[PDB]
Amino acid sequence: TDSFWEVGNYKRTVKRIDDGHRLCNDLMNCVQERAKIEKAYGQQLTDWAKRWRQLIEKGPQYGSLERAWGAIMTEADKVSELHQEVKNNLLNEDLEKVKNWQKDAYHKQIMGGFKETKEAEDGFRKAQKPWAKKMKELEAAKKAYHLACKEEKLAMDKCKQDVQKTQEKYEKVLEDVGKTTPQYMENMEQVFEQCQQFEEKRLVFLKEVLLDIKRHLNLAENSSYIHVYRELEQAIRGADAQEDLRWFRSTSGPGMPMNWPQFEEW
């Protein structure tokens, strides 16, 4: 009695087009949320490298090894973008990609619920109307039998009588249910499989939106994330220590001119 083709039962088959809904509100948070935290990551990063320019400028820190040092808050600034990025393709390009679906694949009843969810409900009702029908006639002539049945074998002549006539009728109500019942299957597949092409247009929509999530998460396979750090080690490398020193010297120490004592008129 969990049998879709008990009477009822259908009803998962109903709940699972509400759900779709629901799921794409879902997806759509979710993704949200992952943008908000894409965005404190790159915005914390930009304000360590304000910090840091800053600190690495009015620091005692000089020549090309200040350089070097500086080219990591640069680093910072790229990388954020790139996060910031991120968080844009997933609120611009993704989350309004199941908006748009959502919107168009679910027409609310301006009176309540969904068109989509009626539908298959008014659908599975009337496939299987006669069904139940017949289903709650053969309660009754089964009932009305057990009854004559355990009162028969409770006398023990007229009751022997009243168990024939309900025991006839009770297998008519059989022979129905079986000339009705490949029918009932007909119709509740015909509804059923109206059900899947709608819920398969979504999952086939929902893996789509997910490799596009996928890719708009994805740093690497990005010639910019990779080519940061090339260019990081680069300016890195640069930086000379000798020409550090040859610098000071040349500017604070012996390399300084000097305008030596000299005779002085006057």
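Positions refer to the first chain, counted from 1. C-alpha atoms forming the largest set that superposes within 1.5 Å between two forms make up the rigid core. Compared with the form deposited in another entry:
When the two forms are overlaid on the rigid core, CA displacement between these two forms of 2 Å or more is confined, within 105, 195, 173, 71, to 173. If you fit the rigid core between these two forms, you'll see the Cα of residue 124 move by less than 2 angstroms.
Comparing the forms between these two forms on their rigid core, the Cα displacement of residue 146 reaches 2 Å or more. Once you line up the core between these two forms, the Cα of residue 164 ends up 2 Å or more from where it was.
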Contents of the next structure:
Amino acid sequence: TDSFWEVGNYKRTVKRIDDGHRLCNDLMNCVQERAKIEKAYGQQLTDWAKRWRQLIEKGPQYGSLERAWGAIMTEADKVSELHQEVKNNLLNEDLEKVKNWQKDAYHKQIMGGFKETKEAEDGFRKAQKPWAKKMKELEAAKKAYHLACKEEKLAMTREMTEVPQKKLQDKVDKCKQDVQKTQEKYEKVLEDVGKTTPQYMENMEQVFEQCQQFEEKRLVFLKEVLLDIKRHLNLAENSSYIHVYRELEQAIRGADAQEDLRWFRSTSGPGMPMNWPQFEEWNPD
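Starting from the form deposited in one PDB entry above, please write out the structure of the form deposited in another entry.
No partner chains or extra molecules come along with it, only the chain itself.
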């Protein structure tokens, strides 16, 4: 019933074309929204770090420990930088890649809807035109034949007593002649059909196969954008990402309790210089 081969069902193939352009928008929007997220995460890391740096040194912490604590903001900065890069990449590489591909692939007609869709609809319409026509011709004939066959059954039931009369057998005559004429036309229409079906199928097939090629360029491309995105999202394939954590561990393992204690001593404790009491002659001078 809903077979591609029944009149008009090619439309489902045509509509895939249109769809193809929406899916590009879809994917571009998607990538955009993802970038907005990577960026917000990034920007909030930046804020937090700035703030903590200011707080930390505007506060009482001193020494190597101050530095280790400080070291944590430095990962916040480095990790913020990484997300910004991701955002930048999606936007300047991915979005652009899809935008560029789409505008070269789908050409807008000033009427509206795409030149490519139109081209495909026309081609199918053309391929199916003669064929759709015989179809209408055949059914008419099949029906005429069936009608004739019915009338004859009737005349026959009619002969099977009682009231010159000769007009009745002259009806069963006219009806066997109708069956014949009618059967003949039905058969010839059937024949032209069988004669034009190999060509109908070659024509549909060429159009179909062009549309398949066109969706193939799209799908193969899509698969490629998808890997690109995955490559841009994956911090784990960026050698930098482990550096940020090694560098922090170091800054932290580098802190020394006993180094700081001893600084304090010389800076605010017993380690500081003293002018011990000495005698003073009275000169007022």
